[PDB]
Amino acid sequence: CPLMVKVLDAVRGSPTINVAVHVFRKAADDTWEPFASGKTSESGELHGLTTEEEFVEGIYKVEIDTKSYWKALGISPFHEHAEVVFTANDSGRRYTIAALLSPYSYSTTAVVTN
Amino acid sequence: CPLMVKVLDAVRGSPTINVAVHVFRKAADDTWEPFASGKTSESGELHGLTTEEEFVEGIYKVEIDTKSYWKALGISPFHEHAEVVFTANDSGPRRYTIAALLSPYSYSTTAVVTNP
Amino acid sequence: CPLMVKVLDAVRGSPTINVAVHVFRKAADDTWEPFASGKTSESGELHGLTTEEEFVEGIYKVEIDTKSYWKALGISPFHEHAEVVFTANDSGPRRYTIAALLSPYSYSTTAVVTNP
Amino acid sequence: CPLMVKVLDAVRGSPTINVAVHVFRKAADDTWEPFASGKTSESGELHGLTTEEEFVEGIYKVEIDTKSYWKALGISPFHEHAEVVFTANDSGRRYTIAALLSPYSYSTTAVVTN
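Protein chains in written order, with the authors' numbering: chain B, 10 to 101, 103 to 124; chain A, 10 to 125; chain A', 10 to 125; chain B', 10 to 101, 103 to 124. A prime marks a further copy of an entry chain.
Any given hint could be a false lead.
Stated by the list, open to error - The calculated DSSO-like cross-link candidates involving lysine-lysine, where the alpha carbons are at most 30 angstroms apart (straight line), are:
| hint | chain 1 | residue 1 | chain 2 | residue 2 |
| --- | --- | --- | --- | --- |
| 1 | B' | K70 | A' | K35 |
| 2 | A' | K15 | B' | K76 |
| 3 | B' | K15 | A' | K35 |
| 4 | B | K15 | B' | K15 |
| 5 | A' | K70 | B' | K76 |
| 6 | B' | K80 | A' | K70 |
| 7 | A' | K76 | A' | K48 |
| 8 | B' | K15 | B | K70 |
| 9 | A | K70 | B | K48 |
| 10 | A' | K80 | B' | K48 |
| 11 | B' | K76 | A' | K76 |
| 12 | A' | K80 | A' | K48 |
| 13 | B | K76 | A | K35 |
| 14 | B | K48 | B' | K15 |
| 15 | A' | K80 | B | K76 |
| 16 | B | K76 | B | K48 |
| 17 | B | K35 | A | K48 |
| 18 | B' | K80 | B' | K70 |
| 19 | A | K15 | A' | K70 |
| 20 | B' | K80 | A' | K48 |
| 21 | B | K80 | B | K48 |
| 22 | A' | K15 | B' | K15 |
| 23 | A | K48 | A | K70 |
| 24 | A | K76 | A' | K15 |
| 25 | B' | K15 | B' | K80 |
| 26 | B | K15 | A' | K76 |
| 27 | B | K80 | A' | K76 |
| 28 | B | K35 | A | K35 |
| 29 | A | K76 | B' | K70 |
| 30 | B | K76 | B' | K80 |
| 31 | A' | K80 | B | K80 |
| 32 | B | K35 | A | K70 |
| 33 | B' | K35 | A' | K76 |
| 34 | B | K48 | A | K76 |
| 35 | A | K15 | A | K80 |
Claimed, not checked - Simulated restraints on C-beta separations:
| hint | chain 1 | residue 1 | chain 2 | residue 2 | range |
| --- | --- | --- | --- | --- | --- |
| 36 | A | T40 | A' | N98 | 50 to 60 angstroms |
| 37 | B' | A37 | A | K48 | 48 to 58 angstroms |
| 38 | A' | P102 | A | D38 | 52 to 62 angstroms |
| 39 | A' | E62 | A | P102 | 39 to 49 angstroms |
Simulated from the structure, these hints should not be mistaken for laboratory data.
Just so you know, even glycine gets a beta-carbon here, dropped at the ideal spot from N, CA and C.
Could you put the whole structure together from the sequences, leaning on the hints where they help?
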């Protein structure tokens, strides 16, 4: 898969499990078309969101439901979610979106290889 | 002003100057209404976006135009922008500082919330 | 003061108060000499650690006692502290702001460097 | 291995390759005894630093030579290195030390499992 999502918990020092992630692609009318989604695994990872054929150039949004996660832990969060918006190519790779979560802070990083 | 935005450049170790910032509020429509906008100063800060009267309860989105910043420096960044979405003033008026730290392929955002 | 330390709590979204900060400078010995120390204020900031006269070229270490902070809150953190080591004033006098953002199992540190 | 190190480059969006990492254990006289070391792989990871038998409770320091990395890229860095100091146990796990590097900023996170 050319697109993977890895989420970590900076309060507990652990992968975030069962966190909902939605992926959108920007449409012609500049609205967000649902594209893919899932829930992070026990390793805090989400694989097999798309394929090389489906993942064409364009602008994508990755939305991590961080609020629901912190609610499950009984911790009051600041953000409604974590949103990463990026342009796939040019030109032509494997994308790993990493997210490090705290209740009042998050960081996201793109690891782009091949 | 109950809402302040501060941006830093993690590559140069300096405040980001002239960075565009757009604020939106979720209408009952469920659509995003333009709420306020501006650009960061020399200190990388943006003050006076709004007032205590105007800044009511709601869900707000703060879009920082990081792409324009990096490209002006000859850098092609990963992100289109840095976007912060949060519920404000749910338990009464607060003062919010939104801090962003920018790298070409990474950013972090932190909220500092105080009771005026 | 050419050296300022600022600390934030990423769990509460607030400045960290009464956080111990110890500064060291590498002697020709290659050992760390106690240079200065203090505690953060209500704003999570620590000013007046040193002066332009005293703050010469060298390698400096800034140890933030994050463990004590978290444990006071009933939290058992991963890190013993947050430690920043850097060469200062190599190309002339600069003003340094060391920013730390604290979570129980994670921290980030950023340097903001300006020419006075 | 009960201790792994993963390093990423936030400027290029890539794992950091060939970055020297040194591990120390605090001794009785409170000095840092060299314990293990190596260079990150093509995946920016460093495995097999120690074993379950060797990795006993105590205070450890992990030192990442970030300065040399940025020098190789021709980018002026702020820090001399990135240092993570922590106490292994109590009580009794797999430690992953993650580091996200920028020239004037770094973040480190502990992922502790099992």
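To see whether the hints hold, each was checked on the structure:
About 19 angstroms separates the Cα atoms of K70 of chain B' and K35 of chain A', which keeps this hinted pair within 30 angstroms; it holds. For the hint linking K15 of chain A' to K76 of chain B', the alpha-carbon distance of about 23 angstroms falls within 30 angstroms, and the restraint holds. Our distance criterion of 30 angstroms between C-alpha atoms is met by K15 of chain B' and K35 of chain A', whose separation comes to about 29 angstroms. Of the supplied pair hints, the one linking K15 of chain B and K15 of chain B' holds, its CA atoms being roughly 14 angstroms apart against a limit of 30 angstroms.
The suggested pairing of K70 of chain A' with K76 of chain B' holds, with an alpha-carbon distance near 15 angstroms, which does not exceed 30 angstroms. Between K80 of chain B' and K70 of chain A' the alpha-carbon distance is near 20 angstroms, which keeps this suggested pair within the 30 angstroms criterion. For the given pair, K76 of chain A' sits about 14 angstroms from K48 of chain A' by alpha-carbon distance, which is consistent with the 30 angstroms threshold. Distance hint between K15 of chain B' and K70 of chain B is fulfilled; the C-alpha atoms sit about 26 angstroms from each other, no more than 30 angstroms.
For the hint linking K70 of chain A to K48 of chain B, the alpha-carbon distance of about 24 angstroms falls within 30 angstroms, and the restraint holds. Taking the CA atoms of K80 of chain A' and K48 of chain B', the gap is near 34 angstroms; set against the 30 angstroms cutoff, the hint is violated. A threshold of 30 angstroms between alpha carbons decides the hint, and for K76 of chain B' with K76 of chain A' the separation of about 26 angstroms falls inside it, so the pair holds. Our distance criterion of 30 angstroms between C-alpha atoms is met by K80 of chain A' and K48 of chain A', whose separation comes to about 16 angstroms.
With a C-alpha separation of about 17 angstroms, the suggested pair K76 of chain B and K35 of chain A falls inside the 30 angstroms cut-off, and the hint holds. Only pairs whose Cα atoms come within 30 angstroms are accepted, and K48 of chain B paired with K15 of chain B' is accepted, the gap being roughly 24 angstroms. Simply put, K80 of chain A' and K76 of chain B have alpha-carbon atoms about 26 angstroms apart, close enough for the 30 angstroms limit, and the pair holds. With a C-alpha separation of about 14 angstroms, the suggested pair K76 of chain B and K48 of chain B falls inside the 30 angstroms cut-off, and the hint holds.
Distance restraint check for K35 of chain B and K48 of chain A: the Cα-Cα separation of roughly 26 angstroms lies within the 30 angstroms cut-off, and the hinted pair is therefore satisfied. For the given pair, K80 of chain B' sits about 23 angstroms from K70 of chain B' by alpha-carbon distance, which is consistent with the 30 angstroms threshold. Taken as a hint, the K15 of chain A and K70 of chain A' pair is honoured in the structure, with Cα atoms around 26 angstroms apart against an allowance of 30 angstroms. Distance restraint check for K80 of chain B' and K48 of chain A': the Cα-Cα separation of roughly 34 angstroms exceeds the 30 angstroms cut-off, and the hinted pair is therefore not satisfied.
Pair hint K80 of chain B plus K48 of chain B holds up; C-alpha atoms about 16 angstroms apart against a cutoff of 30 angstroms. For the suggested pair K15 of chain A' and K15 of chain B', the alpha carbons sit about 27 angstroms apart, so the restraint of at most 30 angstroms is met. A C-alpha spacing of about 16 angstroms is found between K48 of chain A and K70 of chain A, which places the hinted pair at or below 30 angstroms, so the restraint holds. Using a Cα cut-off of 30 angstroms, the hinted pair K76 of chain A and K15 of chain A' holds, with the two alpha carbons roughly 27 angstroms apart.
About 20 angstroms separates the Cα atoms of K15 of chain B' and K80 of chain B', which keeps this hinted pair within 30 angstroms; it holds. Taking the CA atoms of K15 of chain B and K76 of chain A', the gap is near 27 angstroms; set against the 30 angstroms cutoff, the hint holds. Only pairs whose Cα atoms come within 30 angstroms are accepted, and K80 of chain B paired with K76 of chain A' is accepted, the gap being roughly 26 angstroms. For the suggested pair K35 of chain B and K35 of chain A, the alpha carbons sit about 20 angstroms apart, so the restraint of at most 30 angstroms is met.
Our distance criterion of 30 angstroms between C-alpha atoms is broken by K76 of chain A and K70 of chain B', whose separation comes to about 37 angstroms. Proposed proximity of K76 of chain B and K80 of chain B' is contradicted: the alpha carbons are some 40 angstroms apart, above 30 angstroms. As the CA atoms of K80 of chain A' and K80 of chain B are separated by approximately 23 angstroms, the hinted pair is consistent with the 30 angstroms bound. With a CA separation close to 18 angstroms, the supplied pair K35 of chain B and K70 of chain A stays within the 30 angstroms bound.
Our distance criterion of 30 angstroms between C-alpha atoms is met by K35 of chain B' and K76 of chain A', whose separation comes to about 17 angstroms. As the CA atoms of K48 of chain B and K76 of chain A are separated by approximately 29 angstroms, the hinted pair is consistent with the 30 angstroms bound. Of the pairs offered as hints, the one joining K15 of chain A and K80 of chain A holds, with about 20 angstroms between alpha carbons and a cut-off of 30 angstroms not exceeded. The hint said 50 to 60 angstroms for the Cβ distance between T40 of chain A and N98 of chain A', and at roughly 52 angstroms that hint holds.
At about 57 angstroms, the beta-carbon gap between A37 of chain B' and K48 of chain A stays in the expected band of 48 to 58 angstroms. About 55 angstroms separates the C-beta atoms of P102 of chain A' and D38 of chain A, a value consistent with the hinted range of 52 to 62 angstroms. Range check, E62 of chain A' to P102 of chain A: Cβ separation about 45 angstroms, and the 39 to 49 angstroms hint holds.
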